[PDB]
Amino acid sequence: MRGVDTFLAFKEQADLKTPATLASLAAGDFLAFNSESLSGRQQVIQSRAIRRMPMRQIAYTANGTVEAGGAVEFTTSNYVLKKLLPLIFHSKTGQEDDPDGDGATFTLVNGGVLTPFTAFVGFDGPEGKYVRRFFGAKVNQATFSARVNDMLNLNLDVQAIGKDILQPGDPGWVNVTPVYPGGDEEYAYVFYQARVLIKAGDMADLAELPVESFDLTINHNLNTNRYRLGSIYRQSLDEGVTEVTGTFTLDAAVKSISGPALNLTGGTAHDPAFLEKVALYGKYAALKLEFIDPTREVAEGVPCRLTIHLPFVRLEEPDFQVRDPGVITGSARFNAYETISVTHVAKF
Amino acid sequence: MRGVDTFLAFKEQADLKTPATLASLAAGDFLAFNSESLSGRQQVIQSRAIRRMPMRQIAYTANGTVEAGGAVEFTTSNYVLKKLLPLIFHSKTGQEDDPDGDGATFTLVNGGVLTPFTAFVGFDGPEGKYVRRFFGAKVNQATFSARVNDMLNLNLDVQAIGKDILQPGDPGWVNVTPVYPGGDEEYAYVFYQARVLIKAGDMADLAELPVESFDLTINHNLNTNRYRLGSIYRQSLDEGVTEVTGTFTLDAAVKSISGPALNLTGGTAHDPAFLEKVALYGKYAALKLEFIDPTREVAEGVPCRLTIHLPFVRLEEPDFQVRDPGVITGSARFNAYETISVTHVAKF
Amino acid sequence: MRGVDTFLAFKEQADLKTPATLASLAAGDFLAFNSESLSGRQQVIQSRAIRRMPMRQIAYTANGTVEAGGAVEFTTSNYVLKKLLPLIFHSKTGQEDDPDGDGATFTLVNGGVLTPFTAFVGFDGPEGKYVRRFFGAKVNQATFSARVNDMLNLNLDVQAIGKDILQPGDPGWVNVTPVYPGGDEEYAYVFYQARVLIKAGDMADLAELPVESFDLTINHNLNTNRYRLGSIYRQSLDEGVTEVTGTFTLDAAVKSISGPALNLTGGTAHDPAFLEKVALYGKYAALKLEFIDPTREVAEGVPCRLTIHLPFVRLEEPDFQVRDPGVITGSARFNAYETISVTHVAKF
Amino acid sequence: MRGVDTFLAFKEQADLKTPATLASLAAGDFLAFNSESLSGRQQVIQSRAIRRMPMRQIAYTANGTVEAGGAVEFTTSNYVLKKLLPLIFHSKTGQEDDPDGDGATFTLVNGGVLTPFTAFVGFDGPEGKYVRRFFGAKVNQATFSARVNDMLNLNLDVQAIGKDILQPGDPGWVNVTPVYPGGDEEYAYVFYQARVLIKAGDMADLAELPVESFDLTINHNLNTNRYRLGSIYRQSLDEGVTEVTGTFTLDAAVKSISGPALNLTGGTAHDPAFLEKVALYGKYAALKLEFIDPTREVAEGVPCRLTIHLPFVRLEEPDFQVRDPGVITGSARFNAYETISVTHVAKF
Amino acid sequence: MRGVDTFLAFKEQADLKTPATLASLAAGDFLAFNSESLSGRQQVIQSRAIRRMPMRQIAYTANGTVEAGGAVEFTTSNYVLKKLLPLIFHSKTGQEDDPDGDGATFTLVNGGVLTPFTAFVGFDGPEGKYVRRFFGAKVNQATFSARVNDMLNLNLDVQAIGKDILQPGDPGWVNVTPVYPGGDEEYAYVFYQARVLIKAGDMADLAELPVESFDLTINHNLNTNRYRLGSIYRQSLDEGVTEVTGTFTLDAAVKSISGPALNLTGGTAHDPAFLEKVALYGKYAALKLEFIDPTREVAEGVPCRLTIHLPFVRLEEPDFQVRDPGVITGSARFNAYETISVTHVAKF
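Protein chains in written order, with our numbering: chain L, 189 to 536; chain V, 189 to 536; chain D, 189 to 536; chain E, 189 to 536; chain F, 189 to 536.
The following block holds chain L by itself, in its conformation from the complex:
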């Protein structure tokens, strides 16, 4: 088997306990991924009755609860986002390809819940055909990452209720053929389309920072330990409180490329201690990570766009250490507080 012999398909399921059928998979369900590590683990119970034996005994071993889940990396593309953003957030408003050009907005709501889905990891190679079905899956974490000379990546940590293996002849088997968007239909976001914008203190508008890389993690803090008597499976994947953290790498005392000057008082003079003072005084800043593809138009004059609005953000000490006689660089970590919004303007 080769990685090209395998397909990945997420499909949303009505109830957490009812896996999607392998015959319902259609266009839009199959995603091109960078790597998958979904797996299931069964727990083994050993009787505590003391017995003389040189080694473990089959008659006195039982198997207990099962876990399922793992990571999936994606290159954040057009259809990948269309499929995954609804699985990462609670509410969606609008349509990406809305003609007016405001796209779809994804937010976390007060008592919102995550959509459960079934992950199919199918294999069709010279050795044969079989599908790993992970049912009752939820996105536990989602990291957006942007590096130089790279694309925008999206790493999902998924928790599931259980795994099973479907093979030709099983009661729920269909010989599925993955269908993907055309090469001319699917688009990705590259590093040179990115813009990190910050605002703090009395700054009038968002000023663009020259960062080298950025990461943004949404962590839903699912409770993956709700077991009961009479079942080896998790009984739910209840979501806790969403923790939105992140990091971005940039120099010490950087000036803004565009927008106002980095100055907590809104003045025109640059503050070489801007981020350090933001971190030291516990100020709240507004971030905006924005990808714009001008070469792709969604409306009359509206380009493809992926904006992440993080109003109210608290930075840790920016980590600007004097390590050598060269340029002082560091990574500023941050935690988002009140809300996170994601607007995706895209045409399909």
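Any given hint might turn out to be false.
Identical chains blur together in the list; that is why a pair holds if it fits in one copy or across any two.
[Claimed, not checked] Subject to a maximum C-alpha distance of 25 angstroms in a straight line, what follows is the list of computed DSS-like cross-link-like pairs (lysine-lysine):
(1) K270 with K535
(2) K443 with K317
(3) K387 with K471
(4) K443 with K465
(5) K317 with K465
(6) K317 with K387
No lab work stands behind these hints: they were computed from the structure.
Go by the hints and put chains V, D, E and F onto chain L.
Below, chains V, D, E and F alone, put in the same frame as chain L:
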């Protein structure tokens, strides 16, 4: 001192507390090793009486219990196995060079015990001569490892009661000269002599797997904390329950090279999910790791052989992750349950 | 032995592990080559057991995995192409000597595989007779090269599973007599039959470039490291992704000899920065390397022909350096992307 | 196009990111060069999403960061030096044609910076007209070389932010006509005007060495890897620490032609191991490479002059190997330490 | 200085750290060499304290460890061998000019060590007199080379502890006058005195091969990195394991000139694949490189002789490539394994 200036010699001792003498060492006791890390550690006790002092004080420090032990790697050869297999297992039946050709079988028995031995790490170089004697030693762990373009290695984790240093002029000193088997007498096992065989479900016989590497660990779980008032030494090295684990690396959907087809129902059709289903359904499989040297005959038509019979084995999820568009490879871990047997057919 | 005393014969084998027999060689298997460098290498394993010895020891050395392969240069002729193009590409459609005159087309297909073959390098000279048989061979790389005052050359880099030596008296020996096409039957392509055609931007048709030389490499990126326990041989030669690169030498600001004008907007005015702008704007160009022999007719009015269609090609900076007061010449490297096709129209 | 059809023009630009316009070029900007190799390279990004495809595909490729730069060789002449010495060093004091006759002195200062410039490589030939503009250029390295029967050459390694192509009809195009100094106005330095002077230990003055050739490299160690999200271009060319190295070829045990005797104690007796002892004892020597043209007067009795003052220099082992029964010759490498000064006395 | 103005003298020193005095040099110490490249290198340490400075600073630079060594080429002659063979090998038995005629035998012993020596490279020319003394020198590598129309050459790679320069007036200076053997006393080995003999398989005796050239390298693998705190010098030159490799050039399928036929079964029929099969089957062969000067008698009927016995040798694939229609020639590389012996029968 150089590593070539040193010798290693294990010798079996009647009682755990009576070290073997340095004059009893003879042919068969000295082993060629890859590396040794046997050492002793003394514990330092510091009085808790509160006293004003800028630093620790010699008058208020005592030294407590001592540990000894460490690792020794070997290239699993003819005489190395002859010497070490009796130290790793509880019972031996037969003789390796038995003319009929079934060799010696080493197994763990119900209430069996490990043989204690003394490890001599001797040095004889331009600087002088001295022996590190580790008395009351037992094999705590033993790992067999096979890699491609390598030999079969055996790593022993040894626990001992204590260490001492013998030097010219001590009451128990003898100027020992290590004697080793002739180059034409000693043989090793190479990777291309190895065969991993598996069996599960209704499979009729053992089918050979094409694995890239394998490891098998026997862990005797010695209790190394039995101290008493009136002695700085361990009072015993009581063995717990032997845990036999292992791992082997191979591809997803491997087909067997020889034997039947990998099929849990004994059919002739290949099952591309064989190991995954073995792990997911908690089935017990039979493994057999076997080295055969046809170029070395022990009987009329019986070749040198080292077989490790692991009936009843439980695999973890085989770890077949889609990491890249190339061949999907992974490592299947396993735990052995009821018994482990080791047959060594060898001529000396 | 002289190079004239040796023959070379490729023969296609059903399975990668079953070498072709030396008795199956017939007309069409024997090829006239410029030079061969096929060879096998055995790996030597040295025991890591530390031992005092001034030099390596025979008793403590083992031999490990084997590689085989090397290069073979051909003068791209009639029968050479007939034999080798099926070994370099995945799919073939048509017959070279098809009466209609479209020849055979060789392409890479989505999940296509390379044909394994056995290479016989036989020697029959005053010293005696013996054959080097390289079994399980695949074409790893194939370079087409055209220079002025030369013929079209084809250099193959071949990887194989192993080598063996056949001699009179061996179980698989036949006294083979090489049979070759008649001098009046075999034809080659000369430099003055070549045409390099390019197209980019809005150019309406392919415009001919005056190049001095060209090279085109197909690289199948075989995985030559798939070894296992129990075998010194490679277990497969799995092909990765085919990388098609190349280079052609020409002057700076060249005009086209025929076809439209080199103009990214399809106009009639020449663009002296055509290739530089193609490389700087990351445009995709279409190349066509075409050999035509009008003196050899395959159909009523169809000449012998070897066309290499490379639609979608990306040039690197054309390398037009001002080195001296003479004509500015340079080499434009390129990488092909979507597909490569090779049409061979030939009569045998 | 011929090398005579091309011109080269450097022009200093106010900010690193604002290229000089092609209409601002005037007398003094155009330089006669020996060879140019300025070029730009775009990086190509390949999506990591695993997909079945025989070859790279266009829809899944993006292009990333760009580099620009290359080498330019000059014959160190009057106006070439006037133009380039200000680009190689940090500070200039004086005017070459100062009547008093001390010329201009170029030095590296503590926190000094390099001047950014735009390099125009223009072509105007039978094929047409177009300019390669390399904007944001800095001198990364500068080598002065003197050989026998040659002129003094100056090789610049230049790093730039990016390249673009200007052509008739572009928004910033002007039909520039290169203007050069008259043949009777421009002068060069020949080998027979050179003098290498050394001083070490207690030597009272500088003693002239008879060297066969010399090289002196200034290396500014620019940081050419400062990229950010949202731009394919380098964000700066920050200069590190200037490393000034060099080499000169001469015979073993050479005596000085003029000045004192080569003697680390200032005595009149020659030391045949002078350079070897300077290198072995880690002594610091003072070098002075000086070109004087007596036939060209800049003041009443002051000739044209190019002096390179390298106080404090450390030689490596002079490389005086006995290779043959002839004269022992070798090359002494050196590293300059504290400061480097360059005085140019010239009339224009 | 000319190469004829210099002398070279090795002298054996009692301890590695005590250089031989320049007054102890006498007849037999001075050797005629082809070329020397002995040199010393001092390491320069740069403080890591970050400081603003355009260039390195003398106050913040220190110099560290020193290396010494280099190559010396000799024409393997009578006295050259007498002097150097004891420095290349561990043990010597016998005297070259022993009347019985078995000469001196040089071998590597189990725990043998190399003799340290001091190398004097003295210069006495019109410029003056001075000696380079390299103390604590050991032979790291020694290559014997034989070509057609050449003499037998011996290239030594020497590692030393340090270098110093002695000059008239130093505390250890003596005006040494080199004394050499008379022209009528010294003899060399020419190519036409050479014989390469091979034996493998069941061959009864050594059969002579017609080779074009040969090389044999002894490599002692000295550890040249044993430095300590408080010293800039190496603390030892500990020798590792001696690797004896070599190569000889010959034609493909060569027959033996004398001795038995090249046949792995001892038969009288020639095997055209002899060396290829020796390399492919991993057989061990016995080589013997032997120079005999019949015109020089050491005993009543015993001629001058230099034999290199290499029992047990493993050849790589002989490198017999079909490059052209002429005779197939190649080079067979080999590694010696168990022992190497060198017998020198010589009269002085």
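Against the structure, the hints come out as follows:
1. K270 with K535: within (10 angstroms within a copy, 48 angstroms between copies)
2. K443 with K317: between (56 angstroms within a copy, 14 angstroms between copies)
3. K387 with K471: For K387 and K471, only the intra-copy Cα distance (11 angstroms) is at most 25 angstroms; the inter-copy one is 39 angstroms.
4. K443 with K465: Within. Shortest intra-copy distance 15 angstroms satisfies the 25 angstroms Cα cut-off; inter-copy 34 angstroms does not.
5. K317 with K465: For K317 and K465, only the inter-copy Cα distance (14 angstroms) is at most 25 angstroms; the intra-copy one is 59 angstroms.
6. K317 with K387: between (53 angstroms within a copy, 22 angstroms between copies)
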